[PDB]
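This is the structure I have questions about; it appears just below.
Below is a slice of the complex: some chains, not all, each in place.
Order of writing sets the chain letters: A and B. Residues in each chain are counted from 1.
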Amino acid sequence: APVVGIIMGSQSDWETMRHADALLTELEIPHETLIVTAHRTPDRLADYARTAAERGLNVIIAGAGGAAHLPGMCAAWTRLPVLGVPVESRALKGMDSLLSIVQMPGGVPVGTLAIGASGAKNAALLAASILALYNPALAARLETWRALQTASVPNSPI
Amino acid sequence: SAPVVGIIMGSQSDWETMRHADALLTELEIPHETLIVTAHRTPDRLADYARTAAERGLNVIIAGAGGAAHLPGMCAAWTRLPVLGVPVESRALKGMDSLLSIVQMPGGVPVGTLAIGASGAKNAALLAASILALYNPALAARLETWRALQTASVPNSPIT
């Protein structure tokens, strides 16, 4: 049963959000990966977010670009931690994505990651760090992952 | 006297801006309602408001919000009515976050966006009036008079 949900507004976002999916798979974290759009399927979004906790989800990772409302509206309907990935937009390079996700008024948080692929990977890692607080086997796998990241850095450029 | 325009905003702090929309609709004698609806703290209230707007007889919705401003966009997701968005000026980013959060809607769900701040609130009311005037001759006459007086009221030179 999934403990993280990865959701995104459209197929075009998958180029970005696949990096989150891959990282959860590497760390062997059960998850579901779905399309949910705030603007085109608002009722789907409401149902998804409001039932997330009772379905056993622990963390939601949401990616969107442009006027990016998916993470914020997800957080409006759930008490679960919601992590937001600004997807790079064509004209404004994800600056619109970033501001529309991170600038949540007080009371309804979205933990926001970097624009683009880096943010998708880091949303998965941040989700893993949250789950590791109460899953010792995963905490060990995450320690190994971070140790390998550090150890594998070369000493000089090629 | 049933409302044909709804003015909605996320907070009392938004009223400082949205009051200009309210005043202009009153000036033009357009029946309206003015409410607080917040996308993030009352999302079910927003869904209900937007999805029943047409059946309640609303023709246009004017929505104002600042920061990560999601109220206009989520309103438009739930209604076929035209939704006009007013970016409310934010403290740190001067409404640039408000503007981009509102205007940059992906294709399929429009929000007609006006200027940051009081100017945008006034123009949202005027744009709503222009829409209503298409099928209300008396209002069309009031609006043309309003625009004509605006033009006639412009002085020819500045006061030193």
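Convention: a residue touches a chain if its C-beta (ideal position, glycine included) is under 8 Å from a C-beta of that chain, and two chains touch if they have at least 3 such contacts.
In this structure file the homo-oligomer totals 8 copies of one chain sequence, with 2 depicted.
Keep in mind that, in the parts below, only the chains that are shown with their structure count from here on.
Each chain gets one centre point, the mean of its Cα atoms, and the points for chain A and chain B are 33 Å apart. Touching chain B in their complex are the following residues of chain A: 9-10, 38-40, 42-43, 46, 65-67, 69, 72-73, 75-77, 89, 92, 95-96, 99-105, 107-108.
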